[PDB]
Amino acid sequence: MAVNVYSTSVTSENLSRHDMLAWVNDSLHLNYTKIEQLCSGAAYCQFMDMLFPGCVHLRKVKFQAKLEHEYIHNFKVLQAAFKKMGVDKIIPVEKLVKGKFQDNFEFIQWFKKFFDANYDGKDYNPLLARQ
Amino acid sequence: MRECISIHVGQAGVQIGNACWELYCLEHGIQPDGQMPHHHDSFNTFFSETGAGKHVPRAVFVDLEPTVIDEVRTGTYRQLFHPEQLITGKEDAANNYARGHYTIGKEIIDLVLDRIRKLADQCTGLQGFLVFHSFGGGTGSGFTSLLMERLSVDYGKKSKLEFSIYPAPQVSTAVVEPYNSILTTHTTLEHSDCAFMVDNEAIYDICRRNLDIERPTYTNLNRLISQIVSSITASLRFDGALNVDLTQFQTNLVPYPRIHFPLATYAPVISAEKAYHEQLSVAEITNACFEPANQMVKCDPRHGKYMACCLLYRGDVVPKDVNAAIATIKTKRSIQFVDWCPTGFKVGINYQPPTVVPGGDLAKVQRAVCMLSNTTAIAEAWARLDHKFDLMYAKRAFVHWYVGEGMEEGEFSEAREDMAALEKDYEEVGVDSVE
Amino acid sequence: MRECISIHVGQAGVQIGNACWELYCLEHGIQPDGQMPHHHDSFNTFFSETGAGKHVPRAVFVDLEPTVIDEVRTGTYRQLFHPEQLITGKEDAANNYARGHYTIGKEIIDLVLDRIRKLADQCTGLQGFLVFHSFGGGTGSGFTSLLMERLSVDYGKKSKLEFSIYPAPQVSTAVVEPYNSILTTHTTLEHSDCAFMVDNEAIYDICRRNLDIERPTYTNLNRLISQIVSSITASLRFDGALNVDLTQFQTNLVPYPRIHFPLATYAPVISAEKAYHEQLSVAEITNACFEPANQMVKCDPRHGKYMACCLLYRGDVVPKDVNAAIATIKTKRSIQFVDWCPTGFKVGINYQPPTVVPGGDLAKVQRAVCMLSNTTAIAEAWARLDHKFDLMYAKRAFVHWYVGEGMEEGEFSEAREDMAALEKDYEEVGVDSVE
Amino acid sequence: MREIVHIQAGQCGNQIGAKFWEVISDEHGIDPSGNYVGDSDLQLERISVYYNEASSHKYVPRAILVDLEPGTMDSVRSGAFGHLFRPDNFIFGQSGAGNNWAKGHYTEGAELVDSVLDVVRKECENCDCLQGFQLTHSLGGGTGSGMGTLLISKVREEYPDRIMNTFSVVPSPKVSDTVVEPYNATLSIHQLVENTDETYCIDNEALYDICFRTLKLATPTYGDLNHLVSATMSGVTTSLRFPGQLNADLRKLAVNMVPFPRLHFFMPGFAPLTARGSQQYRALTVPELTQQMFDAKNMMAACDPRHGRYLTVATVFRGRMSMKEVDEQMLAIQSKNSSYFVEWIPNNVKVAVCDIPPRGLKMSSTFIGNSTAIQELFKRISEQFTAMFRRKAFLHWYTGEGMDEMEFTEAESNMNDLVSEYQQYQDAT
Amino acid sequence: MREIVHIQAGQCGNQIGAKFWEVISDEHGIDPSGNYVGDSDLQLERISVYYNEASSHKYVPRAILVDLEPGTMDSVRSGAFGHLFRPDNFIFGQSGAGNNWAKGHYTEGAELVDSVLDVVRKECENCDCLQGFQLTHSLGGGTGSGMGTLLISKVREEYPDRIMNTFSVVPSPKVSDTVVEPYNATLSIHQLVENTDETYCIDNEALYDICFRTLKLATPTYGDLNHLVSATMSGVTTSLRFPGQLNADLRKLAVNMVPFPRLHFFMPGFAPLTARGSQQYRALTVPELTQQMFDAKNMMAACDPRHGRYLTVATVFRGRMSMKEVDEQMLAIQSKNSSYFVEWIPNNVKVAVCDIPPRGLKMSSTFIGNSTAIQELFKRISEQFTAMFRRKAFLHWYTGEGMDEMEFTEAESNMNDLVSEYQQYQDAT
Ligand SMILES: Nc1nc2c(ncn2[C@@H]2O[C@H](COP(=O)(O)OP(=O)(O)OP(=O)(O)O)[C@@H](O)[C@H]2O)c(=O)[nH]1
Ligand SMILES: Nc1nc2c(ncn2[C@@H]2O[C@H](COP(=O)(O)OP(=O)(O)OP(=O)(O)O)[C@@H](O)[C@H]2O)c(=O)[nH]1
Ligand SMILES: Nc1nc2c(ncn2[C@@H]2O[C@H](COP(=O)(O)OP(=O)(O)OP(=O)(O)O)[C@@H](O)[C@H]2O)c(=O)[nH]1
Ligand SMILES: Nc1nc2c(ncn2[C@@H]2O[C@H](COP(=O)(O)OP(=O)(O)OP(=O)(O)O)[C@@H](O)[C@H]2O)c(=O)[nH]1
Ligand SMILES: [Mg+2]
Ligand SMILES: [Mg+2]
Ligand SMILES: [Mg+2]
Ligand SMILES: [Mg+2]
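Chains as they are written, first to last, in our numbering: chain A, 37 to 167; chain B, 25 to 459; chain C, 25 to 459; chain D, 5 to 433; chain E, 5 to 433.
Think of the hints as simulated: they come from the structure by calculation, not from any bench. Incorrect hints may have been included.
Here are the simulated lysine to any residue pairs, SDA-like style, with alpha carbons at most 25 Å apart [claimed, not checked]:
| hint | chain 1 | residue 1 | chain 2 | residue 2 |
| --- | --- | --- | --- | --- |
| 1 | C | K114 | E | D359 |
| 2 | C | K298 | C | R239 |
| 3 | D | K158 | D | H231 |
| 4 | A | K125 | C | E173 |
| 5 | A | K136 | C | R239 |
| 6 | A | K134 | C | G180 |
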């Protein structure tokens with residue numbers, strides 16, 4: 037089981053756009069330059085693996101997705117991981133895949149709050165996990 | 025030019041067939057007396073046309089108890105059916121599979137086969153058989169197994185679709201239902217190309233909720249099932265922008281030899297009052313037909329993973345919005361497919377809007393959808409039936425009746441082991457595996 | 025192209041909603057049945073146009089007791105609403121916050137969310153939800169706190185405007201009003217973008233003095249409140265020289281996340297006979313709307329300082345005299361602003377003169393003003409309510425009803441300190457700061 | 005098609021039988037003279053099942069009435085509704101069996117049984133496709149039990165592959181009508197169990213309580229008592245006589261109700277049962293029929309089911325109804341009352357619906373329940389028999405009419421054996 | 005929807021109940037024969053709450069009349085308006101309780117409750133969604149207090165999450181109708197406080213004062229008294245029966261009127277009350293309706309509020325009225341009469357408005373006030389009981405039917421405990 041958190045209007049808690057990208061890059065040791073590049077969902081699937089060991093078959097996802105049809109399959113795995121841990125946030129997959137700033141920024145804003153709630157401070161090397 | 029024949033076995037089969045043939049006569053514009061006042065031929069596929077203007081259906085009503093067949097004979101559709109086709113016995117099977125398959129059913133099987141053979145030789149482009157039968161009923165189950173064996177022996181490879189009635193998890197009318205259902209599943213698991221599965225409790229709930237009727241007698245359930253059957257056959261009966269056939273259904277829906285138990289759903293099922301305040305768009309009718317509570321078998325597909333889906337739209341349907349809605353549905357969160365079926369939708373479109381029977385509960389609609397889903401959630405129903413059978417058989421109840429009517433306990437043991445093997449195969453195929 | 029849905033909860037919401045939706049049909053020329061005899065669309069933002077010429081509103085009427093919803097069903101607006109939208113329970117919350125939020129409300133919350141999602145997915149450019157709920161009631165407070173928690177999770181960042189009904193200072197229909205109001209504000213504080221405050225006591229005086237009516241039943245008050253609601257969304261449905269949207273209201277009135285409690289005001293409000301002897305210029309209705317006696321909440325703005333305002337004219341209004349009139353208002357010494365808000369006015373002009381419902385008290389007017397002042401003077405209302413709650417809770421009166429229905433004594437203390445946090449938050453920023 | 009042969013033995017069988025054919029004739033609209041006077045053609049669709057066609061549209065019944073004394077026969081012949089029975093079937097003896105087993109089964113019954121079997125065989129050959137036999141008798145008297153058992157054994161030999169029902173009248177627990185009850189009952193039940201298919205055990209004073217309280221009748225005569233038995237005895241048959249939305253017959257009921265060959269002793273029931281005065285304040289609907297049917301108070305046997313468990317239960321509804329509620333409420337009844345239901349028989353309810361309501365009623369029902377509570381009924385009878393037999397009382401002429409003490413040894417042992425299995429399955433897990 | 009089950013015990017409960025169903029039938033336009041004859045369709049919108057729909061559109065009340073003697077039942081059955089009750093509900097004993105606690109709670113009441121409970125359960129099962137029970141009885145008699153208490157305890161054990169109201173007739177101070185009044189009253193209240201929700205004490209001579217002075221009636225029989233009581237017992241539940249601007253129900257009243265579990269004893273009121281002669285000189289308007297309610301002269305309990313303070317007060321208006329005067333004047337009443345109002349409960353008034361006026365009046369009202377002056381009623385009863393118990397008078401009649409002197413120790417101790425809390429809260433700051 038996992039704990040949930042909502043996000044409607046909070047002050048002094050939302051982070052800047054520049055800082056959000058630094059946190060994603062620092063946690064997984066990669067070179068995302070734009071936040072809108074997070075349309076792939078490869079980083080999103082890795083986040084669930086870090087939060088809860090197992091619960092996601094990381095072999096199913098692929099990090100070399102470049103097409104519209106390829107983007108969706110990555111999110112379908114994340115859909116099953118959300119159900120298994122019992123979270124109840126509906127991913128608007130029809131809107132993230134277009135790779136626009138609006139929808140991609142709101143989802144990571146919610147995911148940052150979810151990350152802090154279910155983090156026990158464990159650390160590992162994603163490089164060996166990715167390969 | 026293409027002909028498929030229908031065999032209705034038992035009281036449930038006969039009543040469902042009565043409703044279905046009323047619907048067909050309404051659809052093709054045939055008067056009850058057989059005369060008449062896309063369409064031209066159409067009725068040639070079902071109604072054989074005799075010397076005069078009269079049309080006679082290609083139906084074979086068979087039963088052992090004569091009450092319901094006499095009721096049909098004296099019913100309003102008396103001049104339509106060929107009197108030789110209606111085959112009746114003298115005493116019923118009395119919910120005894122042994123009696124309906126071994127003792128009694130062997131005394132009329134030859135006549136039934138003779139009538140089937142005459143009807144088949146009458147036609148020239150025979151396509152398949154449609155068998156309307158229940159599962160709990162003794163005569164239904166026994167004669168269905170006997171007919172499957174005989175037809176498979178006679179005609180080698182033809183489509184043989186069935187429209188069964190699965191016993192409800194809680195609602196029950198008989199007591200030997202587990203024995204009958206287990207036996208029939210073990211016997212006819214091998215001789216069936218594709219069996220569509222329908223439960224009475226789910227149809228009760230659908231009629232109560234969506235259509236909002238508090239007095240849903242068996243007529244309404246029969247009408248709904250008849251609508252589903254007509255939607256399946258409309259591709260053969262009528263032209264369309266993208267046609268499908270019985271072989272297409274069979275090929276696209278059965279991935280493995282044992283896993284051929286899909287479940288059906290129809291949409292939209294709304295009353296007359298609620299019709300005006302609804303817009304009835306292709307996307308929303310797809311969503312409603314794919315909604316979990318609209319499924320006509322008492323099982324939630326959310327508990328399992330889909331394996332194959334067949335959508336059939338009929339009416340004023342545009343393939344662009346059809347394909348847009350299907351893409352949205354695939355993107356949705358509730359639908360989760362198996363890893364080895366990257367493509368999981370077969371789509372058919374028909375140009376004939378559905379017709380409405382007079383006095384019926386449903387309202388006129390310009391768009392209709394029939395959904396046939398082969399999934400994994402049926403494993404829970406198989407397991408529940410197996411548990412009921414095991415609980416009853418642990419101390420040999422009614423086995424004295426079954427053995428006295430020419431059977432042995434070895435048959436029960438073999439049926440049990442076959443059902444266990446089928447459940448194990450279903451679960452193993454549905455579950456994911458590495459590499 | 026722009027859609028916003030409205031949820032009416034409790035008797036207060038339904039009774040207000042019955043009067044409000046009567047106004048929209050008049051504005052867009054929609055007959056009560058649904059047919060019809062700036063306009064090209066207009067009604068698409070509220071009325072979803074179905075297959076025929078009929079239009080059905082985008083409303084969700086939810087209540088626990090079936091007494092008042094049934095009145096709407098049998099009322100003159102019987103054919104308008106979608107029959108599925110009118111959701112009813114079995115027994116009311118009985119002025120108990122715990123019953124309408126923990127025990128009874130939970131059994132119907134899932135059904136309501138089902139209809140919300142069906143209407144939201146039908147629309148394409150959804151902006152926000154309009155919630156018409158009271159404060160003193162059980163289902164209008166306990167249940168409406170459940171909807172905010174559920175709605176916010178499903179839709180992340182959307183506008184959520186509440187048109188509440190503050191309990192009056194002296195007039196009091198119920199006796200556990202302090203218990204219900206204190207609990208609701210602490211729960212829905214974090215899930216409301218902008219809540220408009222309206223008090224029944226202040227409207228009685230406005231109808232008695234300005235309108236000169238000595239028989240102000242609840243029908244008369246709801247007509248006057250409904251005009252405020254229409255002017256808020258009058259810019260979406262009609263063109264104008266300077267348009268505003270639902271988001272612009274939210275960004276211009278809320279300096280801090282906790283401080284989002286403005287109070288409405290309408291002008292002009294005159295009877296039929298007094299209308300002729302008044303010239304009704306733009307420079308005076310702006311003055312009229314700023315008088316301390318015309319404010320719709322029983323609190324004098326003279327005791328506090330304004331933080332932000334929002335004017336909304338409509339009709340034969342020319343922007344030159346609008347800006348001239350506001351300049352004279354600013355230099356008047358009765359109106360005083362806060363230091364850290366050098367700019368304190370937002371304007372919006374529309375070309376649609378307000379319409380009048382037949383039999384209404386208000387006369388035909390070519391100009392109208394709706395004022396949304398976010399002022400510090402509302403801090404007095406919080407202090408008065410907190411005084412009542414602290415008085416009765418010290419000896420633990422009426423608590424045994426709340427505790428026994430799925431609550432804890434500890435939960436009361438958390439809601440008490442939260443209102444104390446808001447009370448000094450409201451003052452510490454309205455008061456000046458050094459440097 | 006599927007004709008049923010009716011056999012009546014003893015005074016109770018004739019008195020019950022005389023009232024029975026009053027109801028059937030009313031159902032099919034047959035005048036007492038014997039000619040059809042009905043209106044709807046549905047009645048004549050299946051008239052051969054009970055009645056028999058004759059010249060000039062006569063409909064004499066397929067009944068055989070047999071008794072050892074002319075007192076009962078003379079009453080039905082001279083009385084009303086006696087002009088339609090065929091006089092050939094009126095077989096009667098000379099002197100009564102005298103409430104004796106041997107005088108009804110060995111000595112006096114020997115000559116009468118040969119004559120009856122010739123009439124039965126003649127009726128059976130006239131049949132098109134025989135369905136089964138129906139026999140109404142008493143387990144306490146001599147003529148009703150002495151030959152009814154003899155008839156059962158002889159008929160069973162001739163037609164082994166048939167289903168026959170025995171609507172016996174179980175002796176009363178409180179007051180015994182005849183002094184030597186246990187000797188006649190115990191020697192009879194040991195015979196019924198061997199070669200019968202299903203017996204509908206009913207009780208006398210259990211009908212007294214039902215008629216006095218529920219029906220609110222101050223003076224229950226045997227005419228009103230036998231009327232109650234007639235309704236429940238024609239409900240079980242009416243499924244095959246009339247078209248229905250879920251048909252049933254004698255064989256279908258037996259398969260569901262009889263899990264084991266020995267366990268075929270049932271408890272009937274009927275609903276609705278209302279007084280003449282109180283019928284105007286009840287809404288005739290399915291929800292109240294099932295409640296009235298399932299309570300232990302409205303049961304026609306001197307047995308309270310709360311001390312036992314329902315093995316299997318079947319309800320044969322009548323009239324016109326919607327089967328959403330017919331099977332919705334039985335699910336509710338089963339779940340709420342799951343304590344008194346066996347655990348190793350899932351979904352133990354069989355339901356059938358007809359389409360022709362009984363005369364003067366919108367809807368009705370008949371409830372047949374195979375329950376464990378019958379265990380105590382045989383325990384009480386065996387208890388009385390054991391005490392009487394130990395002292396060697398009243399058998400100085402049972403042995404004197406052919407029988408012997410050796411015969412009693414198996415009869416008591418079989419009865420005690422049967423109640424051991426009946427009780428054992430109640431506690432089985 | 006939200007049906008209410010009505011239970012009447014004792015002679016007073018039957019006599020009050022007989023006049024009660026006269027008012028309800030008049031309100032809904034139900035003919036004495038039991039068929040609807042009304043004109044406005046609004047009455048039939050909510051008819052299932054009190055009445056029950058039966059066959060042929062005949063309506064039967066949901067009432068259960070029970071008494072230990074056949075004297076009261078015979079009068080209501082043979083008299084007028086006795087053709088609509090269901091005869092099954094007419095439950096009665098054979099011998100009266102004899103104005104005894106034990107004879108109505110242990111000895112004679114034991115047999116009746118088993119039969120009554122089955123009728124209650126049958127009625128509740130027929131219900132769609134139960135709302136609560138209503139009981140009208142007496143606190144001085146034997147069967148009205150004896151069995152009424154037993155009925156309360158048995159029903160409470162089966163339906164714990166339900167709200168039920170007891171409209172007891174409290175004993176009168178100056179004149180005692182039965183000699184041993186305190187023994188029955190004290191032993192009853194100790195039971196009501198435990199397992200009842202909300203109770204309206206109604207006095208007898210306070211009704212004499214109202215009828216003689218306000219209504220100006222020289223010879224008030226029991227028909228005129230029971231008519232006065234019925235208006236209050238119909239005005240309470242009229243909010244959920246008819247549409248209104250500000251609705252209320254049974255549950256809403258209980259939440260507002262009962263601050264603490266033990267403090268649920270109320271005092272009713274009615275207005276307007278005018279004679280036939282003086283009705284033409286007063287204009288019916290809200291200003292005088294509220295004035296007639298709050299004065300101590302117009303109250304149904306013989307306890308002057310000027311000696312105490314109103315904890316909380318309700319007011320259920322009827323008819324058509326402007327909502328301004330409804331809220332405008334209650335504030336004026338509160339400010340002017342602030343001396344007799346509790347200080348730690350601000351805005352202690354609850355108001356509801358209906359939209360259907362009572363028969364033959366433009367508008368009316370009903371006033372329910374949970375005051376502190378009830379304390380003086382319990383002090384008087386406890387004082388009488390303590391003095392009588394000290395001499396051990398009449399006690400050897402209660403001990404002979406099961407009870408003992410040990411049971412009395414808590415009954416008097418509980419009553420003294422309850423009046424201690426009632427006093428302490430009046431003076432609490
Ligand atoms: N959907 C549907 N099912 C029916 C209908 N009529 C009967 N049934 C099913 O049929 C089952 C009863 O067994 P049947 O197949 O009718 O057997 P039968 O025709 O009576 O013949 P026997 O087996 O010899 O008794 C019940 O469990 C029902 O579920 C019907 O009209 N519609
Ligand atoms: N402005 C306005 N307020 C109303 C109206 N009707 C009721 N109210 C308010 O509603 C409050 C009554 O409680 P509600 O919110 O209606 O509670 P409810 O809807 O009856 O549901 P419950 O609390 O369970 O009884 C009163 O204090 C009034 O202030 C109305 O017609 N107009
Ligand atoms: N249902 C019903 N049962 C009856 C009636 N009359 C008698 N009985 C029962 O049937 C039994 C009658 O005895 P029978 O078996 O007919 O014996 P019999 O006719 O007197 O001839 P013998 O045995 O030789 O004395 C009695 O024990 C009664 O319990 C009746 O009118 N209706
Ligand atoms: N309001 C009202 N009260 C009455 C009326 N008649 C009697 N009472 C009161 O009710 C009490 C009657 O005693 P019950 O409780 O009915 O006792 P009972 O029915 O006579 O039966 P027993 O207790 O055995 O004597 C008396 O003490 C009266 O105070 C009446 O007509 N109207
Ligand atoms: Mg059959
Ligand atoms: Mg309410
Ligand atoms: Mg005799
Ligand atoms: Mg008395």
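Cross-check of the supplied hints:
1. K114/C <-> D359/E: holds, 22 Å
2. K298/C <-> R239/C: Holds - the C-alpha atoms of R239/C and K298/C are around 18 Å apart, at most 25 Å.
3. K158/D <-> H231/D: Violated, because 30 Å separates the two Cα atoms, which is more than 25 Å.
4. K125/A <-> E173/C: Measuring from Cα to Cα gives roughly 13 Å; hence the hint holds.
5. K136/A <-> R239/C: violated, 57 Å
6. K134/A <-> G180/C: Satisfied, since the Cα-Cα distance of roughly 19 Å is no more than 25 Å.
In terms of the numbered hints stated before, the structure departs from hints 3, 5, listed from lowest to highest.
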